[PDB]
Every structure is written in C-alpha cells, then in structure tokens.
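2 protein chains.
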Amino acid sequence: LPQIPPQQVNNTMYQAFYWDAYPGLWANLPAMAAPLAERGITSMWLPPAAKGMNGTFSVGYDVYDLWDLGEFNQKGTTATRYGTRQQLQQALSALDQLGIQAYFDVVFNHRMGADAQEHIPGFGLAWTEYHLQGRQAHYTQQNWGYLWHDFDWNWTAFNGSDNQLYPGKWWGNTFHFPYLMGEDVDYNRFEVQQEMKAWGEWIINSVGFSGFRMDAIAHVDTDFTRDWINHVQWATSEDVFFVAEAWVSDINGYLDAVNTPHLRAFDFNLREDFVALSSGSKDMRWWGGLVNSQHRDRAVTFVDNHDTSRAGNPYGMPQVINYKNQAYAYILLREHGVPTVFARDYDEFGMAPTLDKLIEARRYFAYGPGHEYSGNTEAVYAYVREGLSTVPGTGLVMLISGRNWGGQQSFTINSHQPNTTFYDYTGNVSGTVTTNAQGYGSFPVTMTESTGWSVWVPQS
Amino acid sequence: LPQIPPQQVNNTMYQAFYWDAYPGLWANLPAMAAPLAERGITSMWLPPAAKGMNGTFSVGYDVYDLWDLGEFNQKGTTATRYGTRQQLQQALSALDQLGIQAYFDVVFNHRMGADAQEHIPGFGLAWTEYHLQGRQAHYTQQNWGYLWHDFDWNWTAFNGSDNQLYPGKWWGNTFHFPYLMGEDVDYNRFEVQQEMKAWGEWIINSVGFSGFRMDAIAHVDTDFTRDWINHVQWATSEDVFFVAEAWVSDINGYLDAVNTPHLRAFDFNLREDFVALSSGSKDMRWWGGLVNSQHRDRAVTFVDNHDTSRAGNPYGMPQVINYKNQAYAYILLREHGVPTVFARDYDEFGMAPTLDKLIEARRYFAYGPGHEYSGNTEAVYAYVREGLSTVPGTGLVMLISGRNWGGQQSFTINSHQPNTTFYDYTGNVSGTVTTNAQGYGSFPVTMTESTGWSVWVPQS
Ligand SMILES: C[C@H]1O[C@H](O[C@H]2[C@H](O)[C@@H](O)[C@@H](O)O[C@@H]2CO)[C@H](O)[C@@H](O)[C@@H]1N[C@H]1C=C(CO)[C@@H](O)[C@H](O)[C@H]1O
Ligand SMILES: C[C@H]1O[C@H](O[C@H]2[C@H](O)[C@@H](O)[C@@H](O)O[C@@H]2CO)[C@H](O)[C@@H](O)[C@@H]1N[C@H]1C=C(CO)[C@@H](O)[C@H](O)[C@H]1O
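In order, the protein sequences belong to chains B and A.
The deposited numbering puts the first residue of the first sequence at 34, with every later residue one more than the last.
The deposited numbering puts the first residue of the second sequence at 34, with every later residue one more than the last.
No lab work stands behind these hints: they were computed from the structure.
For every residue, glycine included, the Cβ atom is placed at its ideal position computed from N, Cα and C.
Any given hint might turn out to be false.
Chain A is nowhere near these chain B residues, computed Cβ spacing over 10 Å in every case [stated by the list, open to error]:
no.	residue
1	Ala70
2	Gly109
3	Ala127
4	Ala159
5	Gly205
6	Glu278
7	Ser282
8	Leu421
9	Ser463
So the derived list for chain B, only partly shown, Cβ under 8 Å to chain A, looks like this [as the list claims (entries may be wrong)]:
no.	residue
10	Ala67
11	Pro68
12	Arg72
13	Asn176
14	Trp280
15	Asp289
16	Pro294
17	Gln327
18	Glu405
19	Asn447
20	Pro451
21	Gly464
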C-alpha cells in the first residue's frame, strides 16, 4: 500500500455511536477502534460523555453536569451510559497509541435535570437549581485562576425555559431560533462564558480530547461560539478540530456569521442528493451540498447520523436505503470535505466489508488535485485524484452507478498519470486499465446497485 | 523579549519596493533584509522578477518572458532592473539564512514586448510573436514531461488586445472586466494552463520562492486561477502563500468565486478608513475593511502600495498624509489578517524608527485572542491582545488617537491579565500601568498625530 507522509494523511472521521447504541462503550472502545485504525480512520466522534439527567439511560444530550464525565454520583449513577471517567481516560490513551483523535460531543445549548426548583422573583417556579458536583471539584480558583468565577448555577445562569424568558434576560444573537429544549443557557453572562473557556481547556489539555462536535450550536449565541472556539484554539498546542451541528437552511450564512476559520459544519444538504441516489433514478450529473459550495473546505460530509437514521424515524427525514456504498464513495474520495463514516452503517447494517476498502482508498490513494468528469451521464458519475508526484502509487479514478441494470459500461477518463496501469481496489470489476501517453484510459463500472462502484488505483 | 514558539510566529510582510525603486535590488537585498529580519519581518513581497518589455527600466509589470528571471539576453539586457538570475539566487539563499520567505510577484494577465507582428487570418496585424529564450531554456520536455506541450507563443496563445478578441477566442470567466492591457493571455487553452503549472512548480521547488503576489488577478480566468493555485499547492511540500491583487468592488465575492482556501486578498477597502483617519476628524469608533468581514482570515492588510502611493498619483487615489503610524498599529497588532509594511513608508518617508517598534510589537507581543473595546470614542480607538498562557509576557493593549489636541487621556480597559504592570513599547507615553485583580487598568494615550499611538506590554 502506498505510504503517505504522516502530516498529509487524510482525516477520516468515524461516528462511534448511534442512538441508544453501545452502553459501556468506553471499556470496549479500544477493541472496536483497533481495526478501524488499520483501515485508515484517523478520528472518532464519541457520544456526549458528560453526565445526563437520565443517568445510564441517557445518550448524553440531556446533559446535566459538563464537568462530570462519569466520575461523581449524580442522577442515580457514577458512570455515564458509556462508563466511568477512568474507563474513558484509558480509552483515550488506547486511541492515542492507535493514532486516533477523539472528538467531544459538547452540548452547550441547554441543561436538563435540575436538582431542585426555585422561585424566580417576578416569574414563578422553575427547575433551575443545579448542584453540579463535578463543577465543584474541577472548576476551582486553583485550576483556572483568571477564568474562575464564584457563582452558582441557578436561574441567573439561564435565559429561560419553554421559550419564555426569565426576568431581565434575552435569548442572545442566535443564527437559528434560540430555544430548542430544556433550560436555555445564558452565554450573554460573562461568568458563564469564562467558565466554558476553562472547560474547553480542560477537555483538550487535561482530559485529552482533540476536538469538538458542537451540538445544536446554531441555537447558541454566535458571538460566544466564536469567542470560545477562538479561546480554546489559542489555548492549545495542537490544531483543535471544531465541527458545528448547524442544521439550518443556510449553513454558508451560519459559518460567515460565527466568522472563525477553525469552524467546520456538517453537510446536511448534500444528503438530499443521497436521498435521490437511493431512488435508483437520480441524474448522476448533478450534485449540490456544502462540499460543492464556497464553504466546501469547511464541510464535514456524511450519509446518515443518529438523527437521520433511527428506529421509528422521529424527525421524519427521508431515508437513504439504497446505493449507500456509492454515497460513501462520493464523500470519501473527493478532494473536499472531511467525511464521516457512521457506526450504524458500518456495524448494525453490516456495511463494513465494502466500507473497509473505501476507507483504505481514501487513506492510501485519494491524494493530489481533484478533477470532475465532463463525461458524466444521467446514470454514471466519475471523479479523478491526480495523486502525489512525490508518492508514486497514489491517485484514483472512481466511478459510481446510480442504476440497477446489470452489465458494465466504460468511460474514457484522463487520470493525469501517463502510461499507468490501474486496478479496481473494490474488487467489483476485474482486470486492469492501462492509460495512454496523454493520460487517458477506458475505465469500466458495474451498472448495478449492489456492486455499482469502482475505485481504479495504480498497480504495485 | 518573549520567546514565541517557532511555528506560532506571526507572519509580517514587507513589500520590498515601490515605483521605480531599487535598481539592482538583488545585490542589495540581503543587506536590506538583515535588520528587517531582526525587527520581525518574516516575509518579503519582491518586485516582479521576470524580464519586462522595457528591460532595465521595467518595474516588471510589462512582463515579456516569465521563464527569464534575468538569465537571458532579451529586450535589450540580460539582467532585469533588479539584477541577474545569479544575483537573485544569491539573494534567495541569504533570505533563507535570515528566515525570511520570498514571495514572487507573478504577472499572468498579459504580455508585452512582442518581438514581431503576425497577420492573424481574418483580423489583421497584431503584436503577438513572442520568441521567449527563457522558455526555450527551461520549459522543456526533459524538465517537465506530462506538463510539457510543444507549442509556440503566437497569437493563438492570447485572447486579444485593445479590448478586441482574436478569432475563435473568448475572454474567459473573469470576476473583473477581462481586458486590462497588453496581449491578454488565453487561460482557456489547455497547453497554456499546463505550462503555467510547470512554471509554478519551477518558481517554488527550483528557484526557491515561497509564495506569490498574483498581479491583476481579478482580470484572469477564475477557473485557471483556482486550478493553478491548487496544483502548485499540491506539488509543494511547504505551505505556499498566495495573495491576490483583486482590486475590485466586492473582494468577498471574488474569493468565493475562486473558491480555494489557499488564496488571500489585499484589503483595499480598509484603506478608505485610513484616508478618513488622515484628516484628523475621523470617528474612531467605526471601521470597515475585508479585515472586518466574513473573509477576515484571508485579508492581507496594508496602508499604501506602489499604486496608491506614488509621485504624481497616477491613479487618482486619496492619500494617507497623516496618522500613518496609527494606521500601521491598526493593521499590525489586531488578530486577523497578515499585514504589509510598505518600503516607501519605511524608507523614502523615513518611518523606520517608529515602524521598527510596531513591527517588534507584532513579532513579540501580538498573540492570543483579540478583543474590541466598548469604550471607543470619536477620538480614540483601542484594542486588546490577551497574550499566550504558555508564554508569560505576551499580549498588549493598544490605543490610537485620531486627533491632534495635545495632552493625554486615559481609558479603563480589561487587559485580561490581572495584577500585571504594563509599559508603552512605543515610548510615546512615559510610565507604567498596573491592572487590578480582574485585569482592568487605566491606559493612557497621547492625543496627537505625531505621537498618538501607544502599545502597552507586560514588564519583564
Ligand atoms: C434533533 C435535531 O433537531 C433540530 O434540528 C432540526 C433543524 O433545526 C431544522 O432545520 C429541521 O429542518 O430539522 C432538524 C430536525 O428536526 C436541532 O436544530 C438539532 O440541533 C437537533 N440535533 C441535535 C440536538 C439534540 C439535543 O437537543 C439531540 O437530541 C440530537 O440527537 C442532536 O443530534
Ligand atoms: C494599476 C491597477 O489598475 C487596475 O486597478 C483599478 C481597479 O481595477 C479598479 O477597481 C479601480 O478602483 O481602480 C484601480 C486603479 O485604477 C487593475 O485592476 C490593477 O490590477 C492594477 N494594478 C497592477 C497592474 C499592473 C499591470 O501589470 C501594474 O501597472 C500595477 O503596478 C499593478 O499593481
């Protein structure tokens, strides 16, 4: 396999959970991640790891105490759904030896599970008194100095609940609607901003994560988001990875509003093309999405996540059932974006036998400039990676069929590698393809759903 | 002085010329560069280095042969205005030794100085026959292989001239008007595109430049522009620098049209604030500029260049007569953008003494998160750099007067450094400032033109 200079290895993200998945994940995470690292996964998005209101039953999004990573006895348990902090720290060390960066699912927008009610003057009853043992232990003046503030999480830490404002509050400068659920956190209050900057430092520099997936971040004040990202980046030696879950109509607008070069965003709109792909009738010449937009460099592409694919389909999203490998090929091999392999696809749906080779194709071959194919048809999409002049053996000519016909079809494509012989890394088409002196070869693809993708890369 | 980690040192650019300046620059450049390296200049925008139509009298923008860097006798001289290519290579070696990156001023849009005319069938005479001895010497099949194409630069390498298209030609997809001057090069021709890629690799990997100032590039086909940048970036092991001279009304839309993360652009709009500043009557609360836009991270800021500041004022631009040190402070110490120090200001106008301390202020202290100041007045702008937690002694509190009243005014500002004693690195205000437990100090600034900027930094 071609050997890539480490600093140039493509980042391939793996979402290491789906809904209700993997109770006790932390203990098992080293084993799960060992083969994934061999394939070419270089980062995993872990489920929200902080204590949530429903204890071991919580997936993590009903977050209670951001400073309690399965360490303190609260909400009925010490461990989270996934395990104790010790098991998490050992998981992080294992992933570290394996070369994998772990991203934290931070839930900034809301809190749930108050320890007691309060009477808020001029308002009434609210579930706003939060005790937060983990905060008491780690958010101390000794640890954080200038970022430490003596204040209690009660109703003055929140904008409000049930889309009603608490006295003297306002929702903030939010790109989406401000209120989603729970007790909406007031990031217009200075002491909360500073504590969150301290927590971001703790997660990277002390706990040992390498980046964040930012839950519902478009419901959160945009100025705080920018200032917290900017603070954590300046505060860390590594280049920390930030990806927004900004599930809005205009994700380009959201990124321009936050206005930090460190923030990426999930490509929600590219999925609509995979929805069309699943029909088996999509015109394979047209592709939209963030990854073909003026923010394409800041795109994090995916096929499904725990909201889009979930038993019962609770958010009513159209499903991506068919042609899923062609969808994964599209996100994995093209030059732009950081792609996400979804655990439910790899694991539960059992797509690992075919996905394994696509992760390797991205890992060891998808390098050099990218080229679109003037010869795309209504039924076949093709794409080229030149490869690396420095690394002979890189480059790829990929083809995907959006039809279930049977048989093959071939396309004359310029690989930009003269007089080079290729072969199909996927094992879907047999034989070789030899290019001519100007770089062109005749590459086939199978016109089926089940095997309708091919990734031709140069022979050893 | 604070010791900044090598990979974190701010980029500070110096445009190493102005109009008609420095005949024989190459021999004198290492001498000029050594003290500037000490102050903190890290990159130098060098004048267009390729042979021009006007020989030793060519600043370099009437470019004739891009492969002739002063190595071949054509246009009446072997050496350019700035020297031989031997003397250029020696200057680049010395810059390497000083840790200074060199940026090549590439002139892609047009050619001038045709050797003979051609009778274009169905058009008439045109000055299109380019002999190009440098191209004969270096653009060879043995040197470049796949990128080498056998063709001569005659009328079929250009789109037209005098805003008139040649037969079969179109102007291309250009953001600005396509025609500026000379023989407009056809970048919609494959062979011309492929040759320019070869040349880009040559400049970086063989001559030893580190980046590019892209002349008149809004007039050049946007798709070539993106493809060239991306090709050169992939073909270079180092992180190559690219700044566009896109002198258009909507620089944001230009950078979105080219759509590569590697391209920066000059912030022409911010200069309009410095024109206002120069009057002595600017409202210092208000600032525009690309550096304050959604493309701020891709801004290259400056006060003047060889087009805006020139004897005779050839393009009718308003001049920044006064408050020039305040302008420089503004572009040098704020967190976004890469700033440019102009040789005409440093040298001819004698600003070196004061610019020396503001360059050192950027090199050594301008790190960590930036913060705007809520208490800006019509007369005073202020701004804070929080500094680095890992490097004690960094950070700064800058203020700039836009008034010439005399005396001093003090401003209560959060420096984000508790219990810290500051002093004015510019020496314009005597004494020290001591911040309280929460980081706030009372920072003075002189209300004058000639001394009205202060840059408070931590005592050592
Ligand atoms: C579940 C999901 O809901 C919201 O997303 C909606 C978008 O706002 C809309 O644009 C709409 O078109 O569809 C989306 C689904 O209705 C919300 O904005 C998202 O942040 C949210 N996803 C995360 C939020 C959670 C915490 O409240 C979790 O429940 C969820 O699993 C997260 O992925
Ligand atoms: C000198 C300058 O001319 C053009 O610039 C104009 C802009 O296009 C307009 O938007 C307008 O506002 O004013 C500008 C000045 O008239 C052109 O676009 C620029 O590229 C050009 N600058 C470079 C071009 C040259 C030719 O190679 C050189 O003469 C000049 O020194 C370069 O800096």
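For the hint on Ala67 (chain B), just tell me whether its beta-carbon gets within less than 8 Å of chain A.
-> 31 Å, violated
With 10 Å as the threshold, tell me whether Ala127 (chain B) passes as away from chain A on beta-carbon distances.
-> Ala127 (chain B) clear of chain A: closest Cβ-Cβ about 28 Å, beyond 10 Å.
Taking the closest Cβ pair, is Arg72 (chain B) under 8 Å from chain A?
-> This hint is violated: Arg72 (chain B) lies away from chain A, its Cβ roughly 24 Å from the closest one there, beyond 8 Å.
Given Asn176 (chain B) was flagged as interface, is its beta-carbon under 8 Å from a beta-carbon of chain A?
-> 13 Å, violated
Non-interface claim for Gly205 (chain B) versus chain A (Cβ beyond 10 Å) = 17 Å, holds
Was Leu421 (chain B) rightly flagged as not at the interface, with every chain A Cβ beyond 10 Å?
-> 8 Å, violated
Holds or violated: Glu405 (chain B) as interface residue toward chain A, Cβ cutoff 8 Å?
-> Check failed: Cβ of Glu405 (chain B) comes no nearer than 11 Å to chain A, outside 8 Å.
Holds or violated: is there a CB of chain A closer than 8 Å to the CB of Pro294 (chain B)?
-> Nearest chain A Cβ about 4 Å off; hint holds.
Under the criterion of a CB-CB separation shorter than 8 Å, is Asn447 (chain B) in contact with chain A as hinted?
-> 11 Å, violated
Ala70 (chain B): least C-beta distance to chain A exceeds 10 Å?
-> Given that every Cβ of chain A is farther than 10 Å from that of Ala70 (chain B), nearest at about 25 Å, it holds.
Please confirm whether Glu278 (chain B) is truly not at the interface, meaning its C-beta sits more than 10 Å away from all C-beta atoms of chain A.
-> Holds: least Cβ distance 20 Å, greater than 10 Å.
For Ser282 (chain B), which was marked as not at the interface, is the minimum beta-carbon distance to chain A over 10 Å?
-> The claim holds: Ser282 (chain B) sits with its nearest Cβ about 18 Å from chain A, beyond 10 Å.
Going through the hint list in order, the structure does not satisfy hints 8, 10, 11, 12, 13, 14, 18, 19, 21.
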